[PDB]
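A.B. asks: Chain residues, written in single-letter form:
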Amino acid sequence: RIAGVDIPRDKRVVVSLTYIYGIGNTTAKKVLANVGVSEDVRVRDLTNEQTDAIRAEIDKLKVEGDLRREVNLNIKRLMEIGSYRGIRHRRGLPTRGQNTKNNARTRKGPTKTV
Amino acid sequence: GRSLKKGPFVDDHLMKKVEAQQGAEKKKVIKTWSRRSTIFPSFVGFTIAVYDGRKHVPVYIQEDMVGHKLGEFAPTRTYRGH
Amino acid sequence: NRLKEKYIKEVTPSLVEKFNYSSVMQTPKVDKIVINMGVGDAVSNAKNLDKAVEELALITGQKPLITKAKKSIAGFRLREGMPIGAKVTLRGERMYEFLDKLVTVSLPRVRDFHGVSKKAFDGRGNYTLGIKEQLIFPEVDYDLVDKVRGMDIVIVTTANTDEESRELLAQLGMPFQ
Amino acid sequence: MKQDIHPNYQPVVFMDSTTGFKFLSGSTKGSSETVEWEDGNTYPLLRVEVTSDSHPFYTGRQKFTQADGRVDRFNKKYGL
RNA sequence: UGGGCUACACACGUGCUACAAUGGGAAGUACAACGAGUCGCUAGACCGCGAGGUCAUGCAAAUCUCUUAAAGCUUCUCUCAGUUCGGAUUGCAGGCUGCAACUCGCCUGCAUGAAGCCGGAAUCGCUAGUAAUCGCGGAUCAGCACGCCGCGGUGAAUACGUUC
RNA sequence: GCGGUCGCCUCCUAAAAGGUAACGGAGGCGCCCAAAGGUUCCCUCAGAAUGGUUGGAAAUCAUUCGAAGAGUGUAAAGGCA
Ligand SMILES: [K+]
Ligand SMILES: [K+]
Ligand SMILES: [K+]
Ligand SMILES: [K+]
Ligand SMILES: [K+]
Ligand SMILES: [K+]
Ligand SMILES: [K+]
Ligand SMILES: [K+]
Ligand SMILES: [Mg+2]
Ligand SMILES: [Mg+2]
Ligand SMILES: [Mg+2]
Ligand SMILES: [Mg+2]
Ligand SMILES: [Mg+2]
Ligand SMILES: [Mg+2]
Ligand SMILES: [Mg+2]
Ligand SMILES: [Mg+2]
Ligand SMILES: [Mg+2]
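Respectively, the protein sequence lines represent chains n, t, J and 3.
3 is the number of the first residue of the first sequence in the entry's author numbering; add one for each residue after it.
2 is the number of the first residue of the second sequence in the entry's author numbering; add one for each residue after it.
2 is the number of the first residue of the third sequence in the entry's author numbering; add one for each residue after it.
1 is the number of the first residue of the fourth sequence in the entry's author numbering; add one for each residue after it.
A few of these clues could be false.
What the hints assert, rightly or not - Derived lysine-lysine pairs resembling DSSO-like cross-links, with alpha carbons at most 27 Å apart: (1) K5 (chain J) with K29 (chain 3); (2) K48 (chain J) with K2 (chain 3); (3) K7 (chain t) with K77 (chain 3); (4) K17 (chain t) with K76 (chain 3); (5) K22 (chain 3) with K33 (chain J); (6) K88 (chain J) with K29 (chain 3); (7) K52 (chain J) with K88 (chain J); (8) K29 (chain 3) with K64 (chain J); (9) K2 (chain 3) with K33 (chain J); (10) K77 (chain 3) with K70 (chain t); (11) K110 (chain n) with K78 (chain n); (12) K63 (chain 3) with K148 (chain J); (13) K52 (chain J) with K2 (chain 3); (14) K30 (chain J) with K48 (chain J).
I should point out that these hints are in silico values taken from the structure, not numbers from a laboratory.
Could you build all of it, start to finish, from the sequences and the hints given here?
C.D. replies: Structure representation (structure tokens):
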């Protein structure tokens with residue numbers, strides 16, 4: 003649709019744009035402000051020219067595969083230098099300073115009752 | 002994080018050692034207790050034996066490594082698994 | 002026919018000159034394009050093969066021939082004669098059209114497309130491209146695909162040497178790596 | 001060629017949206033829009049955003065900035 | 001001096017946030033109390049989307065400030081969706097405090113959006129301004145609370161009865 | 001006596017026709033097929049190398065080499081490209 007992702011049609015345009023990877027609520031509001039499109043109007047009602055302008059805005063932005071490759075390059079960069087952060091990534095442990103005796107399930111995965 | 006105004010940080014003694022070694026054909030290991038030191042583009046090309054709590058572990062510097070605290074590159078504690 | 006026109010006009014004289022061909026009959030040319038779609042999943046559910054066949058037919062414009070396992074294999078839960086794998090053979094105008102579409106439209110749409118390999122040659126002058134995924138062909142419709150799949154396209158040419166094949170394919174347009 | 005077993009196939013024109021570079025090739029898909037073509041013939045048209053000419057690899061010039069190294073980032077941040 | 005007490009296949013306790021519509025988002029609008037402040041509380045103004053930075057005011061204080069509290073009430077939007085719920089995890093970029101934030105602080109912006117759809121056996125508190133639920137202050141304190149002490153807002157259901 | 005065997009097919013024994021015994025050495029049969037029969041037309045294999053998404057030794061595809069090293073419903077011998 004916009005950048006190759008079929009945004010929801012019935013929802014309001016702000017939320018539909020957020021469904022784009024790399025675009026949050028703040029960025030969605032910003033691009034709608036730039037394009038002059040109302041936030042309430044649904045995408046199914048958005049005219050094609052509005053879509054073209056929004057595509058132009060997004061093209062100016064960096065999102066989707068570009069953003070994922072960038073962030074993964076950073077993580078890959080940490081691991082390749084072998085930083086403490088890289089080893090945290092390598093072993094799937096919290097990297098930002100959390101305690102691991104408990105919790106840490108998000109990074110570690112599911113519990114292994116052993 | 003670190004305030005931009007304060008500029009980058011590095012221990013003065015460590016900075017002096019690297020500066021004296023700058024005009025060196027072959028960089029020699031720099032033994033430091035300073036974990037706090039940030040890495041600098043000048044630091045590139047050197048091997049630094051950073052104290053890890055019980056000994057100075059040598060670590061090689063490079064352009065990618067610049068911009069981070071030295072102590073991070075030397076893990077403190079060892080854990081192999083259960 | 003555009004690719005055929007480009008071949009006869011530019012490529013044929015260029016290759017003749019480069020390789021000092023005594024007679025124009027020596028000119029290497031694309032003989033056929035054999036697109037092969039290997040589907041072992043047909044063993045689990047033949048509908049996967051059905052959709053693969055339908056997508057392949059949409060892409061190629063010809064009803065594919067459904068190859069069958071020449072020999073029973075227990076390792077893959079395979080039985081002799083099972084209809085696993087399909088193919089389409091394109092010659093002449095259809096061959097040229099599909100190759101031209103592949104060069105222009107299909108290849109760029111590959112994610113982070115840095116070109117195609119340059120060592121995938123049989124050693125006689127025939128090339129094969131292993132497509133990792135569909136949806137790069139405009140006819141796939143990007144949504145009907147319940148399961149993403151790839152393919153292996155085989156370019157068979159009259160080139161005796163992989164070098165001639167590579168140069169011919171390059172001149173016809175091939176983003177080697 | 002056997003009849004009534006193949007999917008429909010028709011000539012169709014292609015234009016590179018980025019540049020407008022035009023070429024005629026057959027296809028299975030059908031485009032509602034139709035355009036004329038030298039020899040005064042009209043065919044369905046498939047506009048293409050990314051084609052050979054458009055894509056940076058074929059041109060030989062790459063849009064992307066190749067990112068910035070950390071050394072230069074550090075120099076810029078701290079004016080060194 | 002540096003490191004650890006912050007480890008981490010797992011087990012348990014105590015809490016914080018949630019699983020959504022008696023809700024979330026945007027806008028408006030109203031009512032507290034307890035306590036703290038000299039190099040500290042800090043008004044107002046400038047810059048900053050924000051964290052805050054700058055200038056600068058009053059106050060050793062029923063005199064100035066922290067401090068226009070949040071639920072509330074009134075409009076707009078969302079429409080039952082693992083979502084405009086969720087806010088874990090992670091990348092980038094900042095703010096501060098401090099000689100110093102990597103081991104190893106808090107906070108903010110952008111980026112991402114994890115498990116989680118009301119919880120097995122069993123188990124905890126409470127008989128009224130109580131439970132439930134909502135904020136506010138403070139002690140430690142350069143920096144750092146979902147904990148502790150205290151304060152105030154709204155505000156129930158039930159008690160048949162002593163067999164276990 | 002116990003065990004084995006009893007009819008039929010294939011090989012060796014079997015001494016280059018045929019036949020030829022042993023409680024000699026090896027295996028098969030008591031069916032199957034409505035095409036796996038008839039005829040007309042057409043086709044040539046097994047493997048190996050090289051290349052190739054899932055895919056791996058090995059599924060499917062292509063080129064080359066490859067005279068049989070395959071297949072011939074069912075044992076073996078003979079025979080068949
Ligand atoms: K920790
Ligand atoms: K716990
Ligand atoms: K316990
Ligand atoms: K807690
Ligand atoms: K509401
Ligand atoms: K820290
Ligand atoms: K619970
Ligand atoms: K404090
Ligand atoms: Mg988004
Ligand atoms: Mg911590
Ligand atoms: Mg402790
Ligand atoms: Mg739900
Ligand atoms: Mg009581
Ligand atoms: Mg209360
Ligand atoms: Mg005889
Ligand atoms: Mg005889
Ligand atoms: Mg037969």
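A.B. asks: All the hints need checking, so say for each whether the structure fits it.
C.D. replies: The hints, checked one at a time:
1. Of the supplied pair hints, the one linking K5 (chain J) and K29 (chain 3) holds, its CA atoms being roughly 22 Å apart against a limit of 27 Å.
2. Between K48 (chain J) and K2 (chain 3) the alpha-carbon distance is near 25 Å, which keeps this suggested pair within the 27 Å criterion.
3. The suggested pairing of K7 (chain t) with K77 (chain 3) holds, with an alpha-carbon distance near 12 Å, which does not exceed 27 Å.
4. The hinted pair formed by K17 (chain t) and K76 (chain 3) meets the criterion: a straight-line CA distance of about 23 Å does not exceed 27 Å.
5. This hinted pair checks out: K22 (chain 3) and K33 (chain J) have alpha carbons roughly 25 Å apart, not beyond 27 Å.
6. Proposed proximity of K88 (chain J) and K29 (chain 3) is supported: the alpha carbons are some 20 Å apart, at most 27 Å.
7. A C-alpha spacing of about 14 Å is found between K52 (chain J) and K88 (chain J), which places the hinted pair at or below 27 Å, so the restraint holds.
8. Proposed proximity of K29 (chain 3) and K64 (chain J) is supported: the alpha carbons are some 15 Å apart, at most 27 Å.
9. Distance hint between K2 (chain 3) and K33 (chain J) is fulfilled; the C-alpha atoms sit about 19 Å from each other, no more than 27 Å.
10. Between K77 (chain 3) and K70 (chain t) the CA atoms are separated by roughly 16 Å; this keeps the pair inside 27 Å, and the hint holds.
11. Straight-line distance between C-alpha atoms of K110 (chain n) and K78 (chain n) comes to about 19 Å, which keeps the hinted pair within the 27 Å bound.
12. Pair hint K63 (chain 3) plus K148 (chain J) does not hold up; C-alpha atoms about 33 Å apart against a cutoff of 27 Å.
13. Distance check on the hinted pair: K52 (chain J) and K2 (chain 3) sit about 22 Å apart at the alpha-carbon level, within 27 Å; holds.
14. Note on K30 (chain J) and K48 (chain J): the hinted pairing is violated, with a Cα-Cα distance of about 37 Å set against a maximum of 27 Å.
Comparing the model with each numbered hint stated earlier shows that hints 12, 14 do not hold.
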